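A.B. asks: Here's the letter readout for the chains.
Protein chains: 2
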Amino acid sequence: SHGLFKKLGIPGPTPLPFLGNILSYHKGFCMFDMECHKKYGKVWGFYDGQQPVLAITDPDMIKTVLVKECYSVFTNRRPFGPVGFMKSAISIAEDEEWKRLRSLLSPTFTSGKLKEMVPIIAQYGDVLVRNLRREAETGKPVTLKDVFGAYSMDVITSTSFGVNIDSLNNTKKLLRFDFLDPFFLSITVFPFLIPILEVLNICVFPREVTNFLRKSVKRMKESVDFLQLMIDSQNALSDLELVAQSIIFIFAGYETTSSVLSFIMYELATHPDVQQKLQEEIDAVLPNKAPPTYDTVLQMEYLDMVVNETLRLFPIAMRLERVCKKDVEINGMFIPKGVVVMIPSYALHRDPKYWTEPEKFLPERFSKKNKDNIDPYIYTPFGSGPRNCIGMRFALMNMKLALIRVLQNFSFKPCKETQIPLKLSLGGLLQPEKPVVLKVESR
Amino acid sequence: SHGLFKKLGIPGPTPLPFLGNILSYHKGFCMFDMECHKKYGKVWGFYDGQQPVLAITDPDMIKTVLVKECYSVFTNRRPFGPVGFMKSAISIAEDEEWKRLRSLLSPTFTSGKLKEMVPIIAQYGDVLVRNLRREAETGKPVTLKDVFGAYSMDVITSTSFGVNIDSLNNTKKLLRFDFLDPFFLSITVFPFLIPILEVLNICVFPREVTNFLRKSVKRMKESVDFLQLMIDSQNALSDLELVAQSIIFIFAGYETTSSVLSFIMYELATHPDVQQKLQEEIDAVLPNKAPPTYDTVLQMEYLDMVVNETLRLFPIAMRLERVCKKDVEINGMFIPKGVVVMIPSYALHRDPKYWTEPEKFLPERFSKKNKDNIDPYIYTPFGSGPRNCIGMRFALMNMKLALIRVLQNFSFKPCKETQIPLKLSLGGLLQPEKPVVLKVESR
Ligand code: HEM
Ligand code: HEM
Ligand SMILES: CC(C)(C)OC(=O)N[C@@H](CS[C@@H](Cc1ccccc1)C(=O)NCCc1cccnc1)Cc1cccc2ccccc12
Ligand SMILES: CC(C)(C)OC(=O)N[C@@H](CS[C@@H](Cc1ccccc1)C(=O)NCCc1cccnc1)Cc1cccc2ccccc12
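In the order they appear, the protein sequences are chains U and D. Residue 443 is where the first sequence ends in our numbering, and the numbering goes up by one at each step. Residue 443 is where the second sequence ends in our numbering, and the numbering goes up by one at each step.
Rather than coming from a laboratory, the hints here were simulated on the basis of the structure. Idealized CB from N, CA, C, for every residue including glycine. Heads up, a few of these hints could be off.
[Said to hold, decoys possible] Derived contacts from chain U toward chain D, CB cut-off under 8 Å, selection only:
{"id": "1", "residue": "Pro182"}
{"id": "2", "residue": "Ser186"}
{"id": "3", "residue": "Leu193"}
{"id": "4", "residue": "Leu200"}
{"id": "5", "residue": "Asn201"}
{"id": "6", "residue": "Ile202"}
{"id": "7", "residue": "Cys203"}
Using the sequences and the accompanying hints, generate a full structural model.
C.D. replies: Printed below as a string of structure tokens:
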């Protein structure tokens, strides 16, 4: 089974038996994807155990898989287990059950619904300043992820449910999902062990965080919100499926929002001029520290360039994947049934044949003077096509709203302990080795 | 393999294939052991999957297995996995590695060392009264296990290490070891799945409590104690084996001490006369609320009768087991290699052919006028022989010391919510269904 890509004439590193090519993951997913993108070219294949992976970098081929041939062939992501009752979570769900859930939740983030959330997000923007002013009046390096995470948690809890929480350090036991070496190295490389753990109620999500969130949502039936949108569409949605969806939203609303914001601040400190240009624009659109509104956030263009260049340098995706569910021949390339087509997003976001000086932080790539020279199937921080990020527009809102309220009040300088250059987590997920600490100064 | 006991002419319930007799565990271990002890007699056999179990109730046969033929045949308990690095814990350890550890820790609880711990245990006895006086001056039903557990934790931490903690509710993340239905039903009945989970770092003890206790012991190398006894015998003991032993002591020092004390209080409230007779003796040996000392505790005889009758009614053991490691013929009964000889302690502690009115709490069984009519191989709350409870003498001390300090100061009456009669946990471990709540009144 380790000779499929040799058959199709698709290059790739030689796999060791059983292990495939996982030993190349010692420098992490991303360093391996960049190496092969240089070593082999536009299309190559490797193995995660006995699961062949077809990496494609052709924008047409990427558009065909993400957008064109989505509903017919490339509908599902690579399977993820054991998960227990989280099998109904939309992002894991497959085929018709996913389509049923995706439409069931698409009206959550309409521009009408997102506008309604601006007065709610406006409250916790001030709690963020106050919690910052404390660690600013005392010259004490601030761990941004702790205070950003404290902010994103309060926002996602109210925008989708109705519960608040003010720093009583729903308590954000969102402390699981620790990706790394075993026991994930075993499952991806030895896959039929997943049905074993499933029948044992063994779950990659710990029992503590689940039963804690399993009950907490029950207190959320106080007698239009996301949860208010689910019972109105239940009145056939299970009582347990509703919780699985909730857990998806709370996690992504906390981790990803606080992570990208932290990455964003590290970039603004390491480039003081960029932070000046961005602060000068926020005072131009919202003077006297004017309250940021839905229409002002979409107006700020440099803010959007700072968000996207950060997302370019730190794609919290790294890869996009779809399982090819039947034989096809996309763009003159036959692809057998079962292969996992993979888009190496991280490598694509640094390919010198698309970006000038790819490693340097330069918001000016995404200027309207230059954003024409940017292929939207090379740069897809929120994915693309029917199965792209369902929270994209809301997340770009929540991040931009907070970036405004903070930059109106403080500035950010590096510390002695600030890791420069920042080493990415050579592990699995896209994080830093050492956390991000920056000095905060009040204006 | 389900026909061994049919071969040996040893009666027992018919096993279903694969499952054996585990379906009889619906009423818990103990109800099943009492039924068979009546249904079949002095010796019977069943199956926990494909592991046959020989239950023996003959005192001679019990003495032979626990005491006589211990070192040669019945050395090890039934195997317990997956456990990870806890394989070196003395209570799991086997053959020569256990003997090495058992001698290495036997001098921990000498009468010289136990006497040294009385002035230490005397401190937290007063914190127990104060924490009781709060919930006593406010007529609020008290959960005994919470406050007893808060006490036993402070005692075991200092008597073996040197760290204290005063109710800041080592924080006693001793909240794992949840025995019950799956995934334990799978392992005991389907056993070769244990080596699977072992190679995945999967562990019946959660990673949170381990890494929390794995590090906390490192802070315990401040530059004669249990820990002080281990490095002096290390100067070949591993750095990791030392932690595994510690985890054994902290758990048993917290859970079992607080559990038996809770059971003891429920019995004293449901029998007001017994509590009067016990309080009258404590005032006779320690008047003016005299501080309890090593020699006064061993002097109190009714205190000892209240502890043992409670332990008779609630054997935190329920069963004792040893793996028969080679073919033998004990007491005219051949026993093949591999069988798990089992002593059904709970059933034996209520056999009407040894105790008069076995279900009624009656301290007067264990009076020196009657303690001759009590077979020490029927009543073994601390086991027996070389592998009996290594903490027995210290636990009987710690419990009796606390029972004195509390009964000197308060009395205990039932509540409206106090479960009467107390339903045992129909689950696995020996606990109650509903927790024990009792009214506290100051004298
Ligand atoms: C900077 C923030 C975020 C980024 C960069 C991001 C990116 C992504 C990406 C790349 C995907 C996979 C898309 C694909 O396979 O084509 C995805 C999926 C998803 N995201 Fe996000 N996301 C972000 C924030 C959020 C937020 C705030 C939510 C709130 C609910 C959210 C909910 C989801 C869901 C439910 C999916 C599942 C998509 C499906 O299979 O239908 N994301 N996201
Ligand atoms: C009421 C309190 C306790 C009771 C009823 C009790 C009872 C028992 C029993 C029945 C056994 C198995 C004996 C056998 O198989 O023959 C045992 C083993 C053990 N107990 Fe306890 N115990 C108590 C408290 C403690 C305490 C406070 C410690 C403190 C360290 C402790 C440490 C141990 C250890 C290390 C073993 C392992 C024996 C071995 O395999 O060498 N126990 N206990
Ligand atoms: C990537 C790796 C190897 C670390 O593995 C996974 O992250 N794979 C998840 C399933 S694909 C994930 C989308 C995604 C793909 C690639 C990169 C980043 C995200 C997705 O849709 N995530 C749902 C919410 C979310 C998270 C982050 C950003 N946007 C949205 C498995 C997973 C992760 C975390 C929480 C989960 C909760 C319930 C069910 C599955 C969960
Ligand atoms: C009994 C059942 C099915 C619930 O299973 C186990 O309890 N079987 C344990 C291994 S035999 C246990 C002795 C024992 C036998 C029978 C009944 C009660 C106790 C033993 O020696 N326990 C060590 C400390 C202790 C506990 C209680 C009382 N006295 C001492 C497995 C086990 C349990 C708890 C913590 C552990 C920590 C490290 C390694 C193993 C551990």
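A.B. asks: Hint by hint, say whether it matches the structure.
C.D. replies: Hint-by-hint comparison with the structure:
{"no.": "1", "hint": "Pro182", "verdict": "5 Å, holds"}
{"no.": "2", "hint": "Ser186", "verdict": "5 Å, holds"}
{"no.": "3", "hint": "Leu193", "verdict": "7 Å, holds"}
{"no.": "4", "hint": "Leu200", "verdict": "4 Å, holds"}
{"no.": "5", "hint": "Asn201", "verdict": "5 Å, holds"}
{"no.": "6", "hint": "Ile202", "verdict": "6 Å, holds"}
{"no.": "7", "hint": "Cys203", "verdict": "10 Å, violated"}
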